[PDB]
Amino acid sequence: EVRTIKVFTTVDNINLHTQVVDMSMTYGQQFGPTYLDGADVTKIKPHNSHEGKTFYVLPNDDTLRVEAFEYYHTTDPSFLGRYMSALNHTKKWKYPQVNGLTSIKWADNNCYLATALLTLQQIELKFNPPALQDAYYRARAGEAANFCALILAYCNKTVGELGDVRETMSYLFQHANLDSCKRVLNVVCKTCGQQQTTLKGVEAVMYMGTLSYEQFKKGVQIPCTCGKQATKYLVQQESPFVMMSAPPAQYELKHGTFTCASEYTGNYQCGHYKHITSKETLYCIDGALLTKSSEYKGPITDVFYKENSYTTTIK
């Protein structure tokens, strides 16, 4: 006797594809790799309770390939398995509201994710993939599991792996609309003369080598090919924020002079991030944990500042 149930397959959890499945064959035999809200059911045979449920599958026909690209803006063939593998864990994390922002209770080396998430809620940024638009709206409301699993997938990180905040923000900015961001730099060498450069988009909002936006406006010393140090300084900025990054070093954060920052304690192989936000006072958000202080010093790695339009007075 042949028993069947109706189920729906999907790549985006919006467009559904009706299937009739044979209860005597695994999902994998019928669909390939198959997931039920992040759980791998490939090796499982259909259960009566599955009738009418939605299963994720891999994009295995042209209809699904188009739906997956339009939703996620990737064609990496391992993306949906990585997204589902992460979601099976992130759906069990907790997302407390801390000082009015969605955070993440510590689990699985997720500190870098927590500080990224907290940062996004303080800067003006809109995502391009519908998957991130939809998941980020859910995360602002407090249900951040899908957004966190998407960050893991986009960044090619698994649950439990040590991530870097700067690199994570780079990936997130790469799928955001920063097209009207522009940065003009001047590099002055006493031997070689001056060279201006213009940067756009993600490169216009990120700098690696100093935490201080004021120092970047005055000049920072960098190597020249002639062997002298040259001075690099900001000529013109058009963006709604800037991100200044450096290897971790002791640094003073002064109330009212930055938006938010990330602190890293540890070494190359293992460590822990915390988040500092400048509000009515300095709040230090460490996953679920919250403390306050009027002054702050620690091993800071990234600082975010508000911007709109800046033009140098340096001639």
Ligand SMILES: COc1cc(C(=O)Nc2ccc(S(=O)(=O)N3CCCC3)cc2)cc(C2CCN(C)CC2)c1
Given for the second form:
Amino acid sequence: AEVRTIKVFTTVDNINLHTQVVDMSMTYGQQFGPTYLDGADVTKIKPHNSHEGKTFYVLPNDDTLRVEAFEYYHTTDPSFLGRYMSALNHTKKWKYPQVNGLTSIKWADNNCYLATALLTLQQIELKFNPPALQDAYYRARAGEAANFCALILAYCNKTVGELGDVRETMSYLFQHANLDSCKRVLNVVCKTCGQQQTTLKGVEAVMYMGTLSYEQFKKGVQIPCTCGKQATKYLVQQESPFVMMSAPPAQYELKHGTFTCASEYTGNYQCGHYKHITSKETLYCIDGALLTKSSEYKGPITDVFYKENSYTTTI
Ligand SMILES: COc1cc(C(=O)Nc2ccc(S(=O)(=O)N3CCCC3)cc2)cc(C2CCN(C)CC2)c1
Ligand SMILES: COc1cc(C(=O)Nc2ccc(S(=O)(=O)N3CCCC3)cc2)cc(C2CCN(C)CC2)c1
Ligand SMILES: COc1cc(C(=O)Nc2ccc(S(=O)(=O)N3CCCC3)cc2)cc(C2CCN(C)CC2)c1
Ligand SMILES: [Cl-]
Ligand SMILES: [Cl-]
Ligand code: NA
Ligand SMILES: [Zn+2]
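Structure of the form solved in complex with the ligand, please, following the form solved without the ligand?
Following is the full complex, with the preceding chain placed first.
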């Protein structure tokens, strides 16, 4: 005939908390659809006295929740919260040790790519546009990176345990970063075809694929031209607080004081292991929870990050 109730809050953003009177004879699922209590799926659980006043995540299935989700995450996909909460149930059980002053991740579920990306973000000037990434990145820097890692996986449409790529991950994250004032001018000189200047803005201005060396990029890299000859491409001008230089993994020497940090990738095309190298008073190799130092480093490098502000060529 009737039922005892308690009050809970529902949310999509953990900023707007919506009061609900819940029926203790029904599951959360029967009342809200998919329901989460800090990452755990409580869809098939009934309300208990200890739930009173707690905050539960639900999917944005009305105009109020869609707008709160859009404003906080910058996403229009209602399955986003599903992917976030699913990932969060795993990432909350990972460990985030401080290693050489940075939040790292102890190895689990092929998360070596996320560890190296997390370590990279803490050493380059990058501000996120979605309030969700601002809030979770701040917590990650203080050593609580579970929410941040879960958000990265949701934004990249990757599940816990999927193999990942640092370059691919940084590329998705950069789309959600404020890079509008980033600018790159390239010149391409071909003996036959002549000169062509190109101006790039945003992500295209901070990422390059084909050489690991910022110095080589400034001096000139050879690339095929449509005449069938090789042309030379060189960086004329750079306005950005960092650049990311990427290439297929190859044996490469990293020299102390000449870069910020780098990603090493050992193994093969379809599986392998990432490590992070950082240039401090010496070269530190961070491998999840593990730390080794050396004055020199040679290894298979895929990505090198360099600090920048303003560069103009003298060529
Ligand atoms: C009582 O039954 C409901 C069901 C759902 C639902 O979204 N179901 C649903 C299942 C699987 C999936 S899923 O498999 O696609 N996946 C996406 C992420 C997590 C699960 C998505 C949605 C939602 C409601 C609420 C609708 C709004 N009012 C105000 C409150 C009730 C009631
Ligand atoms: C609480 O204040 C509101 C916020 C938004 C919103 O969509 N905000 C919002 C921000 C950034 C972004 S964004 O960063 O993802 N980006 C994508 C395209 C343009 C901006 C998207 C959405 C919408 C409303 C409603 C007020 C009354 N209703 C009937 C109409 C809308 C209220
Ligand atoms: C182990 O040997 C590797 C070789 C390559 C390669 O050349 N990939 C590759 C991608 C796009 C492009 S491209 O689309 O950007 N474009 C540029 C020139 C040709 C196509 C070019 C090359 C890539 C990998 C990665 C495989 C797994 N990830 C996690 C890390 C390393 C490993
Ligand atoms: Cl930020
Ligand atoms: Cl640097
Ligand atoms: Na940073
Ligand atoms: Zn040419």
